[PDB]
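Form deposited without Baloxavir acid (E4Z), single chain, as structure tokens, below.
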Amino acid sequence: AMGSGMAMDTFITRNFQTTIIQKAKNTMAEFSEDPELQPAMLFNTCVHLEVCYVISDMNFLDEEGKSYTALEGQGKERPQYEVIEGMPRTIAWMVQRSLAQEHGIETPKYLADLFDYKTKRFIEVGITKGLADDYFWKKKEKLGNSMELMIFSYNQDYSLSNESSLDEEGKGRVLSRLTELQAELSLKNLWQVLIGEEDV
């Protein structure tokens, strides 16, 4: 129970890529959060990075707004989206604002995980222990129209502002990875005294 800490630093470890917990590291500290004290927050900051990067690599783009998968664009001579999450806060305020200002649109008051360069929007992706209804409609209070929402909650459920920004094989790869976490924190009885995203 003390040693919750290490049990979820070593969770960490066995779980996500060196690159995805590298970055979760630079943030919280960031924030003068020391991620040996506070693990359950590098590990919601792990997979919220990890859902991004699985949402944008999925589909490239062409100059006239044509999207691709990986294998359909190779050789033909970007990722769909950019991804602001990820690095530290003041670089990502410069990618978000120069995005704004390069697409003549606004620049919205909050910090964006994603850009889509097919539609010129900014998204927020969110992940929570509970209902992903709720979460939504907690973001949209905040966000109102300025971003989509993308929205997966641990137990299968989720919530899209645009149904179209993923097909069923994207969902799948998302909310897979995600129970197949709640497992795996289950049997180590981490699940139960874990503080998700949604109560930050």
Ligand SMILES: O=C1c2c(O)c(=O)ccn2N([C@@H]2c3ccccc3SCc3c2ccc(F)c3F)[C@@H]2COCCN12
Given for the second form:
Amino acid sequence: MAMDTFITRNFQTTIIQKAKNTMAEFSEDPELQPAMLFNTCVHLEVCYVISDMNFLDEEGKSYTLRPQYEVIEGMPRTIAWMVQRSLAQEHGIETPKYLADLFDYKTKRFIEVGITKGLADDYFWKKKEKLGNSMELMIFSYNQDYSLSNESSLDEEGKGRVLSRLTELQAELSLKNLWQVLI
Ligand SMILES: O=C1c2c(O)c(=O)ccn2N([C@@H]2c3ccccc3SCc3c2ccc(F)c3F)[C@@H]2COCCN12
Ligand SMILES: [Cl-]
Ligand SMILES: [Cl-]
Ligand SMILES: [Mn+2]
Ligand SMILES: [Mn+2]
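After the form deposited without Baloxavir acid (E4Z), can we look at the form deposited with Baloxavir acid (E4Z) bound?
Once more the chain from above appears, this time first in line as the rest of the complex follows.
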């Protein structure tokens, strides 16, 4: 099985289209770069999972009514920048200098999501070298490890559902001799 075929079988059409659109903005070609398309699909999928299972009520109380998180990843950078900058103004906070992956309506922070094949901690601190504390960080590995800058933001159950998806994907890729494509 080829990577492109795996992608089309394991990811929703919306995610695939967005990740390709994004690679195009950077003029990376999805057909020449199937590992990048895979990685971008996973990252965007994780973002969507996080936003899909956190809601808030009229007062501001959590629940596993309105979405807790706005996904900024997956839009064209020009729109994404207008959206980041406008959310930040409308909540009276600093606009980060990097483009974020999510906005948390509860804590009023921008979130950077990271996916890694190494250890979650190594990728946490690397991200923090650039971002300082402009954003919260949510780092997931394919080795069942995580590294949140705020443990409450995401529930212990939810971290585990993202970790299991990743574990699912690594398993199938390995079964199909495609994991080596990513390493
Ligand atoms: O927003 C991201 C980004 C992240 O948010 C991230 O967590 C990791 C990596 N990123 N990068 C993603 C990306 C995202 C997920 C997995 C791998 C890659 S690999 C580089 C690349 C990305 C997107 C399109 C493209 F053509 C690329 F070459 C670029 C880094 O420059 C800001 C935009 N961006
Ligand atoms: Cl950026
Ligand atoms: Cl940089
Ligand atoms: Mn991003
Ligand atoms: Mn990210």
